[PDB]
Amino acid sequence: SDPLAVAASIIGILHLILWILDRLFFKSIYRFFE
Amino acid sequence: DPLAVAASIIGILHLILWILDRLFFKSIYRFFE
Amino acid sequence: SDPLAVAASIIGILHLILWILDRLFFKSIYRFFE
Amino acid sequence: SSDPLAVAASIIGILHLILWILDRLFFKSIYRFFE
Ligand SMILES: N[C@H]1CCC2(CC1)[C@H]1C[C@@H]3C[C@@H](C[C@H]2C3)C1
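Chains as they are written, first to last, in the deposited numbering: chain C, 23 to 56; chain B, 24 to 56; chain D, 23 to 56; chain A, 22 to 56.
Simulated from the structure, these hints should not be mistaken for lab results. Misleading hints may appear alongside valid ones.
As the list claims (entries may be wrong) - DSS-like, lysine-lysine: derived pairs with alpha carbons at most 25 angstroms apart:
no.	chain 1	residue 1	chain 2	residue 2
1	B	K49	A	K49
2	D	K49	A	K49
3	D	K49	B	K49
4	C	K49	A	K49
5	D	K49	C	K49
6	C	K49	B	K49
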């Protein structure tokens, strides 16, 4: 239970979540003008 | 730790999906150049 | 844990922060000109 | 100080930072000649 390890884990989870949300928005936007 | 394993697998899938996304968008925005 | 894990944790936190600033900049540019 | 999964994820995180840095660098560059 290193603080850096736990923070890095949570940040990786949040990073992938926000990435799929951002790219979902952008892929839905680009899925209309093509 | 289960948290470390979850974060590791999420990081690997994140890199893989980001690479596929980058290939998609680089081959989609490589026609303009 | 080991230097590899510590550096990887610092780097993952940096990566989240950097991608946050990148997407915030792009969303602020696409939230005023669209 | 050795989990194979942890070492793999660490190397992957470093390479991910490097690749995203290069991606956004050349992206910002392309978006620097167009603005
Ligand atoms: N992309 C980051 C890189 C650092 C780790 C994943 C998230 C990796 C696996 C676990 C254990 C350490 C710290 C994080 C969680 C090394």
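Against the structure, the hints:
| no. | hint | verdict |
| --- | --- | --- |
| 1 | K49/B <-> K49/A | holds (14 angstroms) |
| 2 | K49/D <-> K49/A | holds (14 angstroms) |
| 3 | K49/D <-> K49/B | holds (20 angstroms) |
| 4 | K49/C <-> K49/A | holds (20 angstroms) |
| 5 | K49/D <-> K49/C | holds (14 angstroms) |
| 6 | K49/C <-> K49/B | holds (14 angstroms) |
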